[PDB]
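Visitor: For reference, the chains in residue letters:
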Amino acid sequence: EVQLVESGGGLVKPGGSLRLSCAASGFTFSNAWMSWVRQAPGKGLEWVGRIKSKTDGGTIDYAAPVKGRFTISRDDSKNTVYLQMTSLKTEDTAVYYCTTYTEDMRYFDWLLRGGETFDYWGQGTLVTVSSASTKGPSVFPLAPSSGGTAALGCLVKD
Amino acid sequence: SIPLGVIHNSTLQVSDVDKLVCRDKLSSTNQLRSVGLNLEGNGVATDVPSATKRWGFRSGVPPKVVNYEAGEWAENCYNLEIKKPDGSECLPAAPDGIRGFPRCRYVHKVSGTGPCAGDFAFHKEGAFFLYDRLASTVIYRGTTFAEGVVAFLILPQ
Amino acid sequence: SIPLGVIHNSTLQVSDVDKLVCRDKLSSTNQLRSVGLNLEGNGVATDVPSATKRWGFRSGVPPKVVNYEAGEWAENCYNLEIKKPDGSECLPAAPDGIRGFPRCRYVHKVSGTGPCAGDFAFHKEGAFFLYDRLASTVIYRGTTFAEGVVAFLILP
Amino acid sequence: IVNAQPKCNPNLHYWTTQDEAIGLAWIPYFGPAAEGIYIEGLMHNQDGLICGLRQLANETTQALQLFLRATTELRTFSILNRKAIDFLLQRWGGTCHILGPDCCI
Amino acid sequence: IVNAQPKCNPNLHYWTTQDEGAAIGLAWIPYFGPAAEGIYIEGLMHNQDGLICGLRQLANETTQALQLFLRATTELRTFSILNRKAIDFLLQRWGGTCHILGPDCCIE
Amino acid sequence: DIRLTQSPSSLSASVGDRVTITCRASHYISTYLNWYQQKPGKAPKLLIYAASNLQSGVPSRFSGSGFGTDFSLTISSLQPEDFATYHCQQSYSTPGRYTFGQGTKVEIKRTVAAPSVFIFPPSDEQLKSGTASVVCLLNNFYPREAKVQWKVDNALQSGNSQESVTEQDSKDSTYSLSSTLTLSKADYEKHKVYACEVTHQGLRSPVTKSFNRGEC
Ligand SMILES: *[C@@H]1O[C@H](CO)[C@@H](O[C@@H]2O[C@H](CO)[C@@H](O[C@@H]3O[C@H](CO[C@H]4O[C@H](CO)[C@@H](O)[C@H](O)[C@@H]4O)[C@@H](O)[C@H](O[C@H]4O[C@H](CO)[C@@H](O)[C@H](O)[C@@H]4O)[C@@H]3O)[C@H](O)[C@H]2NC(C)=O)[C@H](O)[C@H]1NC(C)=O
Ligand SMILES: *[C@@H]1O[C@H](CO)[C@@H](O[C@@H]2O[C@H](CO)[C@@H](O[C@@H]3O[C@H](CO[C@H]4O[C@H](CO)[C@@H](O)[C@H](O)[C@@H]4O)[C@@H](O)[C@H](O[C@H]4O[C@H](CO)[C@@H](O)[C@H](O)[C@@H]4O)[C@@H]3O)[C@H](O)[C@H]2NC(C)=O)[C@H](O)[C@H]1NC(C)=O
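Residue numbers (the numbering used here), protein chains in the order written: chain A, 1 to 158; chain B, 1 to 157; chain C, 1 to 156; chain D, 1 to 105; chain E, 1 to 108; chain F, 1 to 216.
A hint or two may mislead.
As the list claims (entries may be wrong) - Short derived list, chain F residues pointing at chain E, Cβ under 10 Å:
1. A50
2. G66
3. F67
4. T69
Claimed, not checked - With a straight-line Cα cutoff of 16 Å, these simulated EDC-like cross-link-like pairs (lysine to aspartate or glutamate) come out:
5. A:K157 / F:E163
6. E:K7 / A:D104
7. F:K185 / F:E125
8. D:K83 / C:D24
9. A:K157 / F:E125
10. F:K105 / F:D169
11. F:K192 / F:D153
12. B:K19 / E:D104
13. F:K185 / F:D124
It is worth saying that the hints were derived from the structure and are not from the lab.
The C-beta atom is built at its ideal place from N, Cα and C for all residues, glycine as well.
Work out the full structure: start from the sequences and follow the hints.
Guide: This is the structure:
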C-alpha cells in the first residue's frame, strides 16, 4: 500500500555535489516526518537527517559529520523530499535510504520526545565517491566440458 | 452509572448495564481490579508550568478519596511545598496512611509562593491525584503524586 | 486466599476454594464469625522476659488493623509504657476507638527504658496484638493487649 | 486439620458483643459502659473442635497478614462481607447448568 | 471503545500489591517483611489488539461518573466500590424470580 | 550522545530455537527502542516499535521486552525466512552518531552438507586480453567455513587469489563460495597442471579438482 522510491544516486568525485530525490505514495505526506539514513559498506546504519511536517514547523536537523555540507527540502504538492550534497568527502560513500515517520507513530509517542521511529523504508540508492572513472564490465564464458549434474557460469571482470 | 471494562478473548468493551450477558463469569473478587493510569500516557505536557497551570485552588468542596489496587510507573511526578507570602501553609499535611506515589523516575519538587485563593487545590480538568494506592481530588503537602485517572476491570481468570 | 472455616456437626475443615460443596448452606451473614484466639491457648511462655523477647522494633512498615467479632478470656495481658532514655515516647498513643483487651485476669504492666530502634513495635512471629475488637500488627502505648491470631468461621 | 502446636487449651471461654432486649437499656444514655457490653460463654473441647480451631487461626495468620500488606485500609472491616461475596460468586457467578458440579439446583 | 486521546502509551508497566504466590521463608511477617517501598510487583503488558490505549480511554470516560459518586458519598475514603460492583453483578442475575427460558435468568 | 551496543555480534542457531538478542543503552531511555529486520540486499523492515510492540503484519514469533538500559528481542521458533540482520535504534532524543546499533546477524543451523565442487579454466577470449582467471566453485554446503588452497604444479600459491561468499539461500539453508585466481598470460602458459584443493567438514578427506591447459 505504501511505497517509496529513491533516485539520483551515482558516481561523484570527492568535493562535488549531487542531488537525491525521494518519491512517496500511499499515505498523508504533509503530516509525516521525513528522514534520510545512510549505510556505509562496513559501518552499518548511520542517521543523516530529519525534517518535520509543515504542522510542527518543519525544522531540519543534521548529523555531526554531515552539518554544513548537506541540505534537505520537501515538496508537499508532489509528495517528494530532496537531499542536496555539497563539498562531499570520500567517507560519505554509502547506500542512502529514504524513510518516513508516519502520523500514526506520532500518536504512540507519549512523552513528547523529539526522537522518531522509522516506519517504512524505500529501495535505496547507491552513492559512490572515488577518484576514478567509470569502466565497462568484461564478460567471458565458463565452459562446462561432470556426471549427472553440471555447472555453468560466466565471469565479469574489471 | 460507573463504567466497567470487559476483557474477553483479548478484547475490551464497556459492560452494558441495560444488557445482560449470561456468558460473563465473575467467580471471585480477585477477578475485580481497579487501575490507575497516568495522564503522562495520554501525551499531556509534563513541564512544571503546564502541570501547575492545570491545578487551581477552590473552597467549599470537601475532598474525597477512593482506593485503587494497581497503577502505572510514572516518568514525571510532582511534590509541592507552597506557602503564602505570610508564611502559612497553602496545602494540608498528608492524612494518615497517604504515602507518596511508589514509582517515579523524576520527582519535580516545586517550592515558592502564591496567593492560594482557596482551601484545597484541585485538578482543573477533573483528573485525580494518585498517591500510594489512593486517589484524591486534592493535593496534599510534601507528598509525591502522579496525575491520573481510574478504570475498573473484570480480568478473565 | 484467606482460609475460611467450614463447620459441620462435630467437624471442622478448611474451605476448598477450588471445590464447590452445594450442600454447604450460608443463609445469613450472622453465620459468619471472626474469632480471636490467644497465644496463651497454644502454650506459649507468658512470663515478661519471653513475651518481650517475642517483640521487636522496626521502621518502614505501616501498621495495619483488622477487626474481629469475638475473643477469648485471657489469664495474662500486658500494658507497656516504654520511653527512650531521653524521655521521649517509644510507642504511639492508641488511635481513636482502640480500647484495652476486655477480659484479663492478670495485667502485666511493664515500665522502663530502651533504645526503641524503630518507628513501630511488631511481633517477630507474625502474630497479632488483640485489643478491644481491633487486632493490630503493632503495640500502642499504655493500652492493654493480648497476643493472639485470628480465625474465620461459618457457623451453622 | 491436625493441631501441631506444643499445647492446646481445650476450653474456649469466649466473650462477644452479639445481642442476646431487656427493658429500655438499649438507649446509649441508659446503656452500659464500654466494659459491660459483652456476653460470655464456655465451649468445651468437643470432638476435637476447639484445638483444631486454634490451628486454623495459625494457618490463617500468614494469609491474613498478606492481605493486610496489600490493602491500604487503616482498618479492614469488609473481610466477612467479601468472603460472602466470593461464596455467592462461586455458585452463581456464571451460567448455572442444571445437574452440574458448579451449579447448586 | 474508541481511543480519542491526542497520544497514547502503548506499553503498560504495571505495579500491584497482590502477591504472586510462593512466598519464601517467613518474609510474610511484618517485622521481617520489606519496607513500604518494596511490597510491589511489576509487569509489562504490551498493546495487544488495541487493548492498552482503549483501557486508558475507558479510565477517561469513567472519571466523570466516579467523581459524581465521590460527590454523593460522605466517606473520607471509599474502599467498597469493587464489592458493590460485585453485589450489583449478582443482583443483575439473581435479584428477582429466575424464570426458566427468560432473558433476565441465567440458567443452563 | 547516546550509545547502543548489541550482543552478540554474530549468532548461529537451528530452526525452531529460542533466539534472544540484547541491546544496551548508555543513558536512561524509557522504551524508545525499535527493532528493525534487514534482509541482505533489501531495505530494513520495521518489526518492533517502542517495547514489546509488534508492527501490523509481523508474525507472532517475534517479541520484545525490557526497559531502561537493557532490552531483549526474542524469537520463539526460528524459520528459514527469519535469516536477516536485526538492528535496535533508540528514539529517546534527536538521533546522534551512534543511535543505530552495529547490528546482529542471525545465522540458521542445519545438517553438515558436503560441497559440490567444480572447476572452470579461463576462457580463450579472456586469455586474448593478457589476463587469466581460473574459477573454483563450492556450492550447496553448510557451514560456511571451508578451506580453499590453489596449487599450480604442486606449488602452493598465496596472495594472488580472492574468495567470494554468497548469502544463505532462502529455500535451502545452503551457502556457496567462489574462488577467483588471477595470473598473467605468460605465467599461465608456463605450467601444465592447475588444481584447486578444498577441505570441509562434510567431506571425510579434502578433495582436489585439477586440469591441464587445453584439456577436454
Ligand atoms: C479525557 O480526555 C479528554 C480529551 O483529551 C480531555 O479533554 C480535554 O479537556 C481540557 C479541559 O478539561 C481541554 O483543555 C482546553 O484546551 C483549550 C485549548 O488549549 C489552549 O491552551 C493550551 C495551554 O496554554 C495551549 O497549549 C494550546 O495550544 C491552546 O492554545 C483551552 O482553550 C481550554 O481553556 C482553558 O484555558 C483558559 C485560559 O487559561 C482558561 O481560562 C479556561 O478556564 C480553561 O482552563 C482548555 O485548556 C482539552 O482541549 C481537552 N482535550 C481535547 C482533545 O479536546 C479530558 O480532560 C480528559 N479527562 C481527564 C479526567 O483527564
Ligand atoms: C504457628 O505455630 C507454629 C508452630 O509452633 C509456630 O512456629 C514456631 O515459631 C517459634 C518462633 O519462636 C519457634 O520457636 C523457636 O524455635 C527455635 C528453633 O527450634 C525449632 O526450629 C528448628 C528449625 O526448624 C527445628 O529443627 C526444631 O526442631 C524446632 O522445631 C528455638 O531455637 C527458639 O528458641 C529456643 O531457644 C532459646 C535459647 O536460644 C530459648 O530462649 C527459647 O525459649 C527457646 O527454647 C524457639 O523455640 C517454634 O519452634 C516454631 N514451631 C515449630 C517450628 O514447630 C508459629 O510461629 C505460629 N504462628 C503464629 C502466627 O502463631
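Visitor: Please go over all the hints and tell whether each is borne out by the structure.
Guide: We went through each hint and held it up to the structure:
1. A50: holds, 6 Å
2. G66: At about 8 Å, which falls below the 10 Å cut-off, the nearest Cβ of chain E leaves the hint on F:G66 intact, so it holds.
3. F67: Holds, about 7 Å.
4. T69: Hint violated; F:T69 Cβ to chain E Cβ min 15 Å, cut 10 Å.
5. A:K157 / F:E163: Holds: A:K157 and F:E163 sit about 14 Å apart, inside 16 Å.
6. E:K7 / A:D104: holds, 9 Å
7. F:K185 / F:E125: holds, 12 Å
8. D:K83 / C:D24: It holds: about 14 Å lies between the C-alpha atoms, which stays within 16 Å.
9. A:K157 / F:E125: Roughly 12 Å between the alpha carbons, so the hint for A:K157 and F:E125 holds.
10. F:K105 / F:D169: holds, 15 Å
11. F:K192 / F:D153: holds, 7 Å
12. B:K19 / E:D104: holds, 9 Å
13. F:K185 / F:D124: holds, 11 Å
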